Each structure stands twice: as C-alpha cells, then as structure tokens.
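K.L.:
So you can see what is in the structure, the chains are spelled out below.
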Amino acid sequence: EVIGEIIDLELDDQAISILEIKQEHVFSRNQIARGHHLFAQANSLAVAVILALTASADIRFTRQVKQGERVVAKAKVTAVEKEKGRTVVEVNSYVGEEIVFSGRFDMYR
Amino acid sequence: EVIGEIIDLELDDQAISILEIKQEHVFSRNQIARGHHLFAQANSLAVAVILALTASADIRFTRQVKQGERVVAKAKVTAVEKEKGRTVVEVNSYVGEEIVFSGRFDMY
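Sequence order for the protein chains is B and A.
Residue numbers 73 to 122, 126 to 184, in the deposited numbering, belong to the letters of the first sequence in order.
Residue numbers 73 to 122, 126 to 183, in the deposited numbering, belong to the letters of the second sequence in order.
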C-alpha cells in the first residue's frame with residue numbers, strides 16, 4: 073500500500089522509501105522513468121507518515140531518472156493544524172546526492 | 073501509452089481520457105481511489121497532448140473518488156513557448172458533472 077519500499081518511518085515526523093526504477097517504470101524509447109512513478113512514491117510516503128487523504132500538492136521534477144536508479148524519498152512533516160486535522164508534508168527524492176523530485180503535500184484527516 | 077483509455081486527442085491542443093476506477097485502484101471499506109491514480113491519468117494525458128517531460132505542477136484533489144466511478148480527464152493546452160520550450164497544460168478531471176481533480180502542468 074506504498075510505492076517503493078519503506079526504509080524508515082517515524083510517524084507524524086518523517087519517513088524514507090526507496091524505489092528501484094525497473095522496466096515497469098520507463099518509456100521504451102529512452103529508458104527514462106515516468107514522472108507519475110516519482111509522484112506516487114512521494115504521495116504514498118506522505119500518507120504513510122500520518126487513515127488520510129491528500130488535498131493538494133506543488134511538485135517539481137528536477138532530473139530525468141533512468142532505469143537502474145534507486146530513488147530515495149524523504150518525507151518530513153513541516154506543520155500540523157491539530158484543530159482542522161491538516162498536516163503538511165515536504166518530500167524530496169534523490170538519486171545519490173542529487174534531487175530529482177521535490178513536493179509539498181497538503182493532507183487531511 | 074497512457075493511464076486510462078484516450079477518447080480524443082488533438083495534438084498540441086487537447087485530449088480526453090477515461091479511467092474506470094476498479095478494485096486495483098482502491099484501498100478501504102469506503103472503496104476510495106488513491107490520489108496518485110488521478111495524478112497519473114492527468115500527468116500522462118498532459119504528456120500525450122504534446126517526446127516530452129513534466130517539470131512541475133500545482134494540483135488539487137476535490138472529492139474522494141470511489142470504486143466503480145468513471146473519471147473523465149480533459150487536457151487543454153493553454154500556453155506554448157517555442158521561447159523556453161515550456162508548454163502549459165491545464166487538466167480537469169470529472170465524475171459526472173463534478174470536478175474531482177484539477178492541475179496546471181509545466182512541460183519541458
């Protein structure tokens with residue numbers, strides 16, 4: 073029920089997942105991973121750090140990811156509104172030391 | 073290819089796709105579809121209206140989508156740069172007459 077493998081999970085705090093880009097994730101022409109796989113990893117990691128739903132998100136794809144790469148996604152909760160049951164999660168995803176994806180997710184109870 | 077079935081496509085203009093939410097898209101007793109499924113339909117339809128890549132997007136999910144519903148995504152090209160090679164696609168997705176997803180996609 074999460075895309076890629078959960079490596080680390082501190083509920084209501086932070087989480088880390090790893091997605092190895094295989095044949096199922098790429099355009100045949102260029103062996104480049106489709107951006108919705110990156111999103112899916114990050115969005116499901118954002119849900120994992122919290126039974127919760129995404130309300131919006133602002134996301135940014137930085138490098139093209141190639142097949143054979145391990146994408147490490149790192150979720151951190153950056154604000155909570157106890158009141159309205161609203162949590163914001165920022166997720167940055169890396170291949171080695173380089174960001175390939177960055178997103179802020181607005182979640183709800 | 074694309075998430076859901078393409079219904080119409082006017083390259084560099086617009087496209088429409090249909091995604092029937094089946095048991096594989098869903099997670100709970102309320103049989104709720106996961107939001108990445110909606111993004112996936114919308115993102116890949118944005119790529120289809122143009126060999127191209129998404130650079131960013133601002134997206135909003137309106138309502139929870141339930142299993143058995145049919146989501147219709149409508150992509151419209153709303154600006155083109157031969158300047159930067161940045162094309163903007165707006166995608167709104169519907170169940171009946173209600174918006175369940177909306178996004179602006181910046182393509183490079």
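Keep in mind that the hints were calculated from the coordinates and are not lab data.
Worth double-checking, as some hints may not be accurate.
To be verified - Computed footprint of chain A on chain B; a stretch qualifies when at least three of its residues, placed anywhere within it, have a C-beta under 8 Å from a C-beta of chain A:
1) 139 to 151
2) 154 to 165
To be verified - The following residues of chain B were derived to be distant from chain A, with all beta-carbon distances above 10 Å:
3) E73
4) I75
5) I78
6) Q95
7) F99
8) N102
9) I122
10) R184
Where a beta carbon is used, it is the ideal one built from N, C-alpha and C, also for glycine.
K.L.:
Work down the list of hints and note, for each, if the structure agrees.
P.N.:
Hints and how they fare:
no.: 1; hint: 139 to 151; verdict: violated (count 1)
no.: 2; hint: 154 to 165; verdict: violated (count 0)
no.: 3; hint: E73; verdict: violated (6 Å)
no.: 4; hint: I75; verdict: violated (7 Å)
no.: 5; hint: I78; verdict: holds (16 Å)
no.: 6; hint: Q95; verdict: holds (14 Å)
no.: 7; hint: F99; verdict: violated (8 Å)
no.: 8; hint: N102; verdict: violated (7 Å)
no.: 9; hint: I122; verdict: holds (13 Å)
no.: 10; hint: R184; verdict: holds (13 Å)
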